[PDB]
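So this first bit is one chain, no partners, the form deposited without the named molecule, shown in structure tokens.
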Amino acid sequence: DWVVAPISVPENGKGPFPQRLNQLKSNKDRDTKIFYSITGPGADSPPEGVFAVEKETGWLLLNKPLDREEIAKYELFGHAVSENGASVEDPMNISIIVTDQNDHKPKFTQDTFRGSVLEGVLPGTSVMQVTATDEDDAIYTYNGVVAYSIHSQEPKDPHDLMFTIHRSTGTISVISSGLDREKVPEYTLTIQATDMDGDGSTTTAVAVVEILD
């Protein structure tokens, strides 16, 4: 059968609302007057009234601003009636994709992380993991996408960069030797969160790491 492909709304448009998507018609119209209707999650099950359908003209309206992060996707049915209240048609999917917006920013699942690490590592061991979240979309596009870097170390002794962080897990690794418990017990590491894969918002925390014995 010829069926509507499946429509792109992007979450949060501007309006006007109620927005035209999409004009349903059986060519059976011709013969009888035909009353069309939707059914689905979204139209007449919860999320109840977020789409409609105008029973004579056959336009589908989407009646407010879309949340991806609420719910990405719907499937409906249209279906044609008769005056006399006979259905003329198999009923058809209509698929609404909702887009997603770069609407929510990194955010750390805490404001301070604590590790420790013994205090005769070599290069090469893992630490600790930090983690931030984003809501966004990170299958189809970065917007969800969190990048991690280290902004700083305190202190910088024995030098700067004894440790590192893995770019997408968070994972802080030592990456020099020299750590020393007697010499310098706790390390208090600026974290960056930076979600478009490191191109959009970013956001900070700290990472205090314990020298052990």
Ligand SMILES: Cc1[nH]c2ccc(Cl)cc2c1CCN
Second form
There are 2 protein chains.
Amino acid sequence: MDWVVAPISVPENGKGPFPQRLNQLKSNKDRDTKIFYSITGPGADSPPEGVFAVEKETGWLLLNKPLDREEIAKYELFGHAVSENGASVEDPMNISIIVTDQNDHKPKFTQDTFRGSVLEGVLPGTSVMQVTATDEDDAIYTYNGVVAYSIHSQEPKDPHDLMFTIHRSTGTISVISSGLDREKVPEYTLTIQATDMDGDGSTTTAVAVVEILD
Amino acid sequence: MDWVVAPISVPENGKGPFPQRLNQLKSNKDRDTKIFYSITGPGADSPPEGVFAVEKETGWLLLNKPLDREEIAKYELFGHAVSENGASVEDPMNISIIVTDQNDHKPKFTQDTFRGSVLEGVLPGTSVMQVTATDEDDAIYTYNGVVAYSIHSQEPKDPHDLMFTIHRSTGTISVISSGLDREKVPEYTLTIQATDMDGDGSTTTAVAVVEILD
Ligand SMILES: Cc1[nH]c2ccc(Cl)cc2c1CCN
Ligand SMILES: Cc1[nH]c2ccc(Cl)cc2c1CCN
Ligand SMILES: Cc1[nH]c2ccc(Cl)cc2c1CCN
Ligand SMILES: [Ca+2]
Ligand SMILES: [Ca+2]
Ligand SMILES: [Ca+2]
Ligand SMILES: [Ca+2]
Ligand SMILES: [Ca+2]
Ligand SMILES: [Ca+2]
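Can you switch from the form deposited without the named molecule and show the form deposited with the named molecule bound instead?
Okay, now the whole complex, with that chain kicking things off.
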């Protein structure tokens, strides 16, 4: 029994001493003459050259430097089996390296200051504006690139402490409180925050400035 | 040509819906009769049960729920292939699952307050105490569990502002400037910090209280 495909999943930004062994190539034809293992492909001989390499006599595939998924997320290499005569013995094996994602990028708002406005008399619940942060890490298979929005603070605290809220996933800011009035407070400064790992990771900060209209 | 062993490396705390395909089993004798696949082992048919499954007809190994490395870091399963007639066609194949680490643990100081003392006349460079934070994530293959130490602030600022240093990786607090004096300042309060991903991650905060002795 075997796998139809056996890719190698390697987490990026690996820590330990390099090189590192991943898996070990074997030719079943090795019960005859001593065979020599090599490797080809981008990441091996095509650029980026030398990221992976194979020990000639042992077949151990080696990773030489830490990977960065956001630079290259998958490799397609080829293992080669030859004899002393430098003659290959069986077709080259496909090698698929999948770089799995770590949380090595912090979220980043698209702007330092977002600007919106709303009419003083809108109903609680009315949307005002939408803010956006991005995260270089994966958000499809992991949480590393999943941003959660929040409002840090509101200035001025007049009338209520908290006039606005934000949708934690979409970044839409809405009115949650009655009492907006341009003549009393014409503008609010909301310190907004975006945290990766869906709220458990790192945070950056920005500002949403909301103008209150008559 | 093939891999000597082919472990499946699965990042913990995965997102998206479940179940998810990992690798697909295949029996060599696949034209002899219809093959029905199954898996056994802890994580499959013994506790924790049902973490893994195989599609009886297709051989797809499935992950049924998110893994937590800090709960179980490796699994050893077995794949079985039996014909429609009820014959086991090959030896059960060993299935090795490696749970790779994500950064799902902030570092935690061993105590909320660390207390140490030093004599007033020590030479700069003299060690005062060692504070400690732990991080449940892996620190051998990743940086997710590697803690970096820092001193946030010192009170009272009294003689200098930088009376002490903390060793970024050992957590040893040293005195760095001569000029201590129990009579002028008998007790400093250091606000200490510990940050995972070797300083690029999340930070906890604790306190160190250094008493100055006669
Ligand atoms: C970071 C990352 N990138 C992928 C791309 C393809 C596949 Cl199979 C898995 C992954 C993962 C980890 C899944 N939690
Ligand atoms: C846990 C954690 N993670 C962060 C990510 C970014 C920033 Cl600025 C701060 C933090 C903190 C708390 C700092 N006391
Ligand atoms: C990231 C990671 N985590 C591990 C845990 C156990 C073992 Cl065997 C290997 C690993 C690796 C891959 C090293 N290229
Ligand atoms: Ca790279
Ligand atoms: Ca991130
Ligand atoms: Ca990443
Ligand atoms: Ca589990
Ligand atoms: Ca951690
Ligand atoms: Ca972890």
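We call the rigid core whatever largest set of C-alpha positions still superposes within 1.5 Å between the two forms. Positions refer to the first chain, counted from 1.
Participant: Which one moved? Candidates are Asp157, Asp180, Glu186, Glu54, criterion is a Cα shift of 2 Å or more between these two forms after superposing on the core.
Facilitator: The one that moves 2 Å or more is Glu54.
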